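Take a look at this one; I'll ask things after.
Here the complex is missing a single protein chain, while all its other protein chains stay put.
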Amino acid sequence: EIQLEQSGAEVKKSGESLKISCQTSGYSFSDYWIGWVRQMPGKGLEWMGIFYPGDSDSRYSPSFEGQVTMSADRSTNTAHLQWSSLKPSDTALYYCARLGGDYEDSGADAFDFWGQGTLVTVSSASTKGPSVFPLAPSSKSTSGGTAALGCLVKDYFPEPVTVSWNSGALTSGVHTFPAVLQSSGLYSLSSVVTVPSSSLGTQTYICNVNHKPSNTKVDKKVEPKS
Amino acid sequence: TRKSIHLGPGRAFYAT
Partner (left out) sequence: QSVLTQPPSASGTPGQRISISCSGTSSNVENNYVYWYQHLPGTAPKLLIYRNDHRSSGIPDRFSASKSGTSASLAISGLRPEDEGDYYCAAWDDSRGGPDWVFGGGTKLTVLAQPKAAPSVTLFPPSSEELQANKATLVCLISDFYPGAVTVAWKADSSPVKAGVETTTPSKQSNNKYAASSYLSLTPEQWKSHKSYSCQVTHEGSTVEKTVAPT
């Protein structure tokens, strides 16, 4: 049964070289084109090129020509994709696929069997702990019910960050949001709690941010704005 | 073969 098996996830620094792999089984490796397809986070599938192991023929999509190299090791039935200088924008899931279908005695036309994909993350940032700022209660004595306050956890690398409130004693109405990745390569996220408006001048609200890569703990006091 | 690519009816690349 035809299978393509791709190498594991890669976390690299920008400027570094990388070779990824796709090993095949179930058919004559030399005889079928192998294609590569890229998916950037939140984007669609994008064709990179096809490589023919039997004679080392290649076709690159115009955007990929000169930016990446396809090759193949016939001693090991392994197709490769490589970068000499990885850029942040190469952060993507990369698929390998066979061009086949076998709908006629000869030829190929559709990508039929697919590798499971290999994730590559490329960053130009280094370990940095966050700035934690308080997100103050939008007004105090509004007669509309509950209130929203939080912690902005700004400019850290890498993931993850841990957030708690009143050292985990406050969990009700807590929503900590997935990070945004900025063009700087640093992340920011926000954590917000829903509370009674009446107990602002009563119950203190501290958020507890923990960023273990940089070994940062920060406890910030979130109070009504002046 | 398997190297020839069928684009459409009656048409192909890398044919022989």
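Order of writing sets the labels: A and B. Residues in every chain begin at 1.
The rule we apply is simple: a residue touches a chain if its C-beta (ideal position, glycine included) is under 8 Å from a C-beta of that chain, and two chains touch if they have at least 3 such contacts.
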| item | value |
| --- | --- |
| Listed residues A:8, A:62, A:66 or A:144, member touching the removed chain | A:62 |
| Hidden partner chain, touching residue among A:53, A:130 or A:150 | A:150 |
| Listed residues A:34, A:50 or A:195, member touching the removed chain | A:50 |
| Missing-partner contacts on subunit A, residue numbers | 35, 37, 41-42, 44-47, 50, 59, 61-62, 95, 97, 101, 103, 109-112, 114-117, 131, 133-136, 138, 148, 150, 152, 154, 175, 177-180, 182-183, 188-190, 192, 225-226 |
| For subunit B, the residues touching the chain missing from this view | 5-8, 11, 13-14 |
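Basically, only the chains that are shown with their structure count from here on.
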| item | value |
| --- | --- |
| Touching residues on subunit A, where the partner in the complex is subunit B | 31-33, 52, 54, 57, 99-100, 103-104, 106-109 |
| Complex contact set, residues of subunit B against subunit A | 1-7, 12, 14-15 |
